[PDB]
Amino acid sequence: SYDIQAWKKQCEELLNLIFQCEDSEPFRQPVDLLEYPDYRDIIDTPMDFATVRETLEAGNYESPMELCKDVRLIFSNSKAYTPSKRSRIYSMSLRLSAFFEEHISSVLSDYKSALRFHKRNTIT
């Protein structure tokens, strides 16, 4: 892989897949405080897939690692807020996390390789 910019469209396509997945529905918009009134007593940094997509489309991610950090925050927030490791919403977050990780792995690898290639002659 050579193309330093290719990650962005790859991430757009992966977000499209995630938004079509039923398991994403609890995570597509910010958590509703009327539904979960003490959410911000537990969760310091909310995150959701609409926020991630908007950040990407605004040109506010520099790398796929930044996007990957925010997506992982969606899942760590679900784990931190879950009352049970058997709860429905958390259970959906685990399947969606596995899907995400399986797909993001090549995006990250190819970007990092492409960038190492770009920098291969940094010293000369």
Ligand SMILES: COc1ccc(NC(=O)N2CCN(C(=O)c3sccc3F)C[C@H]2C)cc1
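What we label the rigid core is the largest C-alpha set whose atoms superpose within 1.5 Å from one form to the other. Numbering follows the first chain given and starts at 1. Only residues modelled in both forms are compared. What changes on going to the form solved in complex with the named molecule:
Comparing C-alpha positions between these two forms after a rigid core fit, one residue in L94, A50, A80, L33 moves 2 angstroms or more. It is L33. Residue range 32 to 35 is the only run of 3 or more whose C-alphas all shift by 2 angstroms or more between these two forms once the rigid core is superposed.
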Given for the second form:
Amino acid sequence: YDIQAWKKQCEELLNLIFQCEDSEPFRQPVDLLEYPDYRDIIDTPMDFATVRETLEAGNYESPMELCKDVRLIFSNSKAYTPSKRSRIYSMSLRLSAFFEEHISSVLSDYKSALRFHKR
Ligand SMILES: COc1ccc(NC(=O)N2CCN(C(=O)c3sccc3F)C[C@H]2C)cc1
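Follow the form solved without the named molecule with the form solved in complex with the named molecule, if you could.
The next block holds the full complex; its first chain is the one shown before.
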């Protein structure tokens, strides 16, 4: 029932993600001058380095917030990708699956910890 355990769990999961080849397209922010169209499609840029930075700054209060930003990475790349005949989209789907399979217990454990605390 450790209310704070999620943070190290999320750090370790981001480490796994960064080690994963599938994360390559998503590790750093997009350059808007390099990707002309991104401006008009993505309303909120997000990448894994920003997520890790936010976590390490102490600017996430819950793993749910971290989860929302990670899911934004995946919806952003979906919005911009105009075809499945793309190494990027297939990479997003696989990395998303991996992320969700690992983040599920992190969320569960945090929410039970908060419930226990307010018991
Ligand atoms: C053949 O050479 C290529 C080299 C690279 C690329 N990459 C792309 O097309 N990407 C990168 C992933 N996309 C993203 O939305 C995000 S989300 C956080 C980071 C990020 F980059 C979509 C799009 C901008 C394409 C072709």
